[PDB]
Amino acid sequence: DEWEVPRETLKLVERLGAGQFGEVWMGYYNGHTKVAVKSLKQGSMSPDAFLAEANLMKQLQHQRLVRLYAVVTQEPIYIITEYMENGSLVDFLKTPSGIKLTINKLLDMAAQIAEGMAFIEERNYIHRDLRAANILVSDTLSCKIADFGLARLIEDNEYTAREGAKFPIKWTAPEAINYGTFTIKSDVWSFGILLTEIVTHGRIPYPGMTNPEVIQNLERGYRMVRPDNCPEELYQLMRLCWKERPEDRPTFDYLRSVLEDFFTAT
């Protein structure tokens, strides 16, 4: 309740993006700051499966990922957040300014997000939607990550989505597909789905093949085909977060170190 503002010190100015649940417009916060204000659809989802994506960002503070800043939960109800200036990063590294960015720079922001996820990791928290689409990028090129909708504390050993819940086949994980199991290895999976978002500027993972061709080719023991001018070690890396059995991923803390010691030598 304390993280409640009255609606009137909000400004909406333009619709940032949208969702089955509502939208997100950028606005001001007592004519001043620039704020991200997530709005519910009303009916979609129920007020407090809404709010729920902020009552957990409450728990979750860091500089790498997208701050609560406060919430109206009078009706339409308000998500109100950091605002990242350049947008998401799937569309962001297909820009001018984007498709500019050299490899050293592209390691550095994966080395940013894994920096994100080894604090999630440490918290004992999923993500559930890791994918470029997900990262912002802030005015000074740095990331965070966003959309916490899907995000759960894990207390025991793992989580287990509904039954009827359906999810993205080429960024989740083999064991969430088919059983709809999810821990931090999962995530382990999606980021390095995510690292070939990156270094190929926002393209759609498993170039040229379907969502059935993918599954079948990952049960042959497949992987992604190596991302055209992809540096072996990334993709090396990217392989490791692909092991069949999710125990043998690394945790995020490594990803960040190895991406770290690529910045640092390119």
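Positions refer to the first chain, counted from 1. Rigid core here is just the name for the largest C-alpha set that superposes within 1.5 Å across the two forms. First, how it differs from the form deposited in another entry.
With the core held fixed by superposition, the comparison between these two forms singles out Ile77 as the only member of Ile177, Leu101, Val90, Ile77 whose CA moves by at least 2 angstroms. When two forms of a protein are overlaid on their rigid core, residues whose CA moves 2 Å or more are considered shifted, and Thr33 is one of them between these two forms.
Positional change of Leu10 between these two forms reaches 2 Å or more at the C-alpha, relative to the superposed core.
The rigid-core alignment places the CA of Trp242 less than 2 Å apart between these two forms.
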Second form
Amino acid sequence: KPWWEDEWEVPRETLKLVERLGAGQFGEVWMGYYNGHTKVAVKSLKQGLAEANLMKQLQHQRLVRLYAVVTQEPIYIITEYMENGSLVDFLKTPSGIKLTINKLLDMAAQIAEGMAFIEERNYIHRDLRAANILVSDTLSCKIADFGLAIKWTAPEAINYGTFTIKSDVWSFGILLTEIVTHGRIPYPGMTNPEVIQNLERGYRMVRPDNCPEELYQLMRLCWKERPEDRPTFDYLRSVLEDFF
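Rather than the form deposited in one PDB entry that you just supplied, could I have the structure of the form deposited in another entry?
Here you get just the chain by itself.
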């Protein structure tokens, strides 16, 4: 209505979905094109939005950038498209398999920086993991959420569905293992029911081979049983950035 308002819409006609990147209970994720020549990522939401405003308000160097939206259902949320894809997938590429722990921790630092912002803005991610992290053109990390829906979930969240930023901290610790191992799934050779049963007895993932004991203690801080005992993301970023 007002002349100064940002117009974030585009006609559905201007989009061409080319390759489905993922599918979930609430929709799909595609690689496509806007107006014939601008490559973009599109999240189609199964009909039968607050996400876009959220993305706009979390606009940050460390979070995926919102481009536009299609107002009529199926609702579309358009963003920048990342050639390098998700962190988990990129860590398994030749380029990624070769990254030194120094570079890997810089990426962890970037992630911590973004979560520190999310914490600043009082939001809660709820699905933090390498799979939801996008790698930019310059190999930097950008927080995202596209599972469209566990080994990454805090005990309190598993047992009582109580999610807070401290729960995100737990997930972050798990993410660190994915990072140092170049994409190994957490709890190697352990099924979800086995993970929950071991957590019932205070189990914690063993330190990965090649993971410095110092980094491992950081992880252990993230997995403290009491949510309140876990560190802040501002702390985590600080330690990771000044790690070496």
